[PDB]
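Taking the form deposited in one PDB entry, here's one chain by itself in structure tokens.
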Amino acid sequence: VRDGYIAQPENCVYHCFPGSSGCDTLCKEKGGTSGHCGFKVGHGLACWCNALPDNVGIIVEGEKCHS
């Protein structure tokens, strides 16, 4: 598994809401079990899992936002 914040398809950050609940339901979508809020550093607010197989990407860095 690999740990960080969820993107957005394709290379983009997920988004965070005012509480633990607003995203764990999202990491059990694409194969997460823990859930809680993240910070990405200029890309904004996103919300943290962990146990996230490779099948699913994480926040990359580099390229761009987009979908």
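Having seen the form deposited in one PDB entry, could you give me the form deposited in another entry?
Below you will find a single chain and nothing else.
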């Protein structure tokens, strides 16, 4: 469907850490499997865990990461 990093309303990211124990709890709650965090160009460091439906938000592009 529509997949992405750990998102945050309206559409930006949530925060990982230099390590494995960054934000595993929230993203595994959202319905994620994988784990690692990579910078989102222009929008900030984010931790991708995969297989996310459209129920929780994702990284969406096109204009800016706005409020």
